[PDB]
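J.: Based on the sequences and whatever the hints tell you, model everything.
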Amino acid sequence: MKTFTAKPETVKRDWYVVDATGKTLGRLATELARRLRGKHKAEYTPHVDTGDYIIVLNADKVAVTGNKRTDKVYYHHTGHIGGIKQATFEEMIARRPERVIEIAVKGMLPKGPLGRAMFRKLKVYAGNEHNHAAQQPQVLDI
Amino acid sequence: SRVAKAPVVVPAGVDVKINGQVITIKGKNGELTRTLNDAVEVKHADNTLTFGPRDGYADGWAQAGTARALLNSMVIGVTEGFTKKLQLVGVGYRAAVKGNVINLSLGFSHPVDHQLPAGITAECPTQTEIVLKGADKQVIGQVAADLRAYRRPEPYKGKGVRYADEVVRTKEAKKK
Amino acid sequence: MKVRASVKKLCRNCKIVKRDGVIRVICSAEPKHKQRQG
Amino acid sequence: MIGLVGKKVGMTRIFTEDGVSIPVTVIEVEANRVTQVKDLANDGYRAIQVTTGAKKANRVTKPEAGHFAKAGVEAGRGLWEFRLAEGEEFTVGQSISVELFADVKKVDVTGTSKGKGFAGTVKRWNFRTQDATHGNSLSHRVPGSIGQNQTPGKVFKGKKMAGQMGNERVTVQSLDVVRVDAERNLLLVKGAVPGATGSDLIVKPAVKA
RNA sequence: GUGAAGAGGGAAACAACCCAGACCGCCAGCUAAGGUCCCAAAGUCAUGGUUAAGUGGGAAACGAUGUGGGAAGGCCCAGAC
RNA sequence: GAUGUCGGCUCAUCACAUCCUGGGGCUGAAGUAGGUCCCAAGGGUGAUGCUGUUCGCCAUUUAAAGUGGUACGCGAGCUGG
RNA sequence: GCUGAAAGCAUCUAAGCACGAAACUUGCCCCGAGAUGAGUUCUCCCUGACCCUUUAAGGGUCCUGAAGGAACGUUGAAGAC
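Residue numbers (the entry's author numbering), protein chains in the order written: chain j, 1 to 142; chain g, 2 to 177; chain 8, 1 to 38; chain d, 1 to 209.
Some hints could be false.
For each label pair, taking beta carbons as the anchor points, the in silico distance ranges come out as [unchecked claim]:
1) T30 (chain j) <-> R19 (chain 8): 30 to 40 Å
2) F90 (chain d) <-> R153 (chain g): 46 to 56 Å
3) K18 (chain g) <-> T30 (chain j): 37 to 47 Å
Honestly, the hints are just simulated from the structure, not real lab data. All residues carry an ideal CB built from backbone N, CA and C; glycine is no exception.
T.: Here it is in structure tokens:
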């Protein structure tokens, strides 16, 4: 016999909704990533995406400990010689509430085409209203 | 701590209102309120307030002492308020109050007009005097500091806006 | 303001205070006793 | 506030009685016809879409023709949008004329500059030419060095080089309004504006003032 | 001693460091150095402390009421600070 | 079994131990001026006589004529004193 | 700087409340949904059959070809092409 492998055309994916208010950023992000990758399923197979669709609400209310709210810096480079640009956690929340959770989860996911496909299943929202009522998400507590 | 041990005496005519952490004081001078820190136990008693630390909070005594001081200032606030006296020193330095605005002539090329906050009223006995009245100690101190900052007392003649009870300690340039 | 690695009291009126993680000497009698450790 | 769409007619002078010559650009501003009003509820922002001039009925496609017919206006030579401030409102089919600028006295004129084609670095970026003599070998107008050495190992992005010059949208700010002539559909602004004669110009009240 | 003339695991990568020398095959198990939130396998482990700087996760003489302890002192309820 | 040297030229980019402009404390800071230290890279920071010269010294400017890194930046860009 | 304990006092800091520079982020200008995360509004146009099977988001046949676009030509203060 050969070890069972998941088939991309027959995997079962479910929808969940998560409220991010008050949650620690990293401790929420790890759980989000492990469910996006599908590591909670008995059918987990490294080369196929078996994770679920997760909806995150109230991304602007996510919490961090210590002085991270003013001291965590987000660097990126534009590609030009001046280039280096930075933003603190507070600035990111004021401008992009969703971006912080998105990039934390992205940093916790495998790199490569499959990892990007996995990240595609994450729907992050600043408010507590989403447009995906038709997919009937289940309430998931993290 | 041992500042916080001494309870504050609630006199007649003033009442207290507590919702766990946010507190309210009402008296003849008016309305004062704040939210105390999460580590201090506000506890009204027979016409007194007693303050103590909570549990699981390090440095709860320091916060208790701060809360005791603030509430003491509130009680002294809603009754007879607070007063700050400012003096103007220097030739041509004048002050005048126009309703809710203080007009200062401090030797600039432009007029200086200061807008008072909600609870503060000003009154100029002379042009070299500014008397401030209000219930909030912090606000009146802030307003006095803001007025002082326009022309700080320089150390060669003491010219500028000073608190009435202030020492300037002038000095001479080199000699002669 | 004196910026030094070694800040000390210089007279009886000078006092050590730590403001925002910085050791400072503030002195009520002599203005040139002000010091910050940097 | 909104602006209007005109066309660059040419450039002349105005003589003032006190013996001053003012170089002016003559901008013909016909009636601008509002063809669509965009609002926050439907389009997510507030703006009006205007048309001006005329177009040959054979050159207007039934998509464009139907869009014009909905507004009930005649076909123009194009469509432009102006972002609306909080105060003003307009209605579809309304026509706006040049006396909008009756009391403005500074405008911002936007147009497409004249196309210079593929231009060298001396013309495009004001690079200095090298020696004309003294042994110079085939290198009188070339750019010279373009990078450092192994340590960068590459040419930095955004380096100034030869390429297309002109034929791009350019705005000139804070132009004096010299005359508004409603009956002639003329606006006269002090100075030069981008673009060749007969090209479209967008005139707006000065944003910086 | 190791490389030379040695593989493999670890050390982010990294002849010569650590554990440990590869007869061949197995979709068997068990361990060493290193690990057990996630990338990336396995503790979001139990119990007590200790640090708040991101120490951890780069630096000295030299400074400082930053805190967790210990052993000794002086003063003092007539009354210390 | 080849990594062209110096200077100039054309073109640069970055660091901050900031020359100028900006903020501030101390003065043995009256003002005019400064001195010294702290913060701060947004922009700007001479063209000439001699010398192959970098430099230097001049003679006049300027708001100021910064200092270093970049194969002492740059010869499949140029010159070659 | 203000109020303010620890550490009867004090103390810009610990709770809390203010300020403050050509830096920063905007505001001025340009590009920009391959922004694969490819978005938005208005408008225009096509609503005939038949057959064969593996049956599937299947393939042909005949009639039909619309909105539009291209080609070609007269050309351009557009442009190497």
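J.: Are the hints correct? Go through all of them and say.
T.: Verification of the supplied hints:
A hinted range of 30 to 40 Å for the beta carbons of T30 (chain j) and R19 (chain 8) is consistent with their spacing of about 38 Å. The supplied range of 46 to 56 Å is met by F90 (chain d) and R153 (chain g), whose beta-carbon atoms lie about 55 Å from each other. A hinted range of 37 to 47 Å holds for the C-beta pair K18 (chain g) and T30 (chain j), which are about 45 Å apart.
Every hint from the earlier list agrees with this structure, and none is contradicted.
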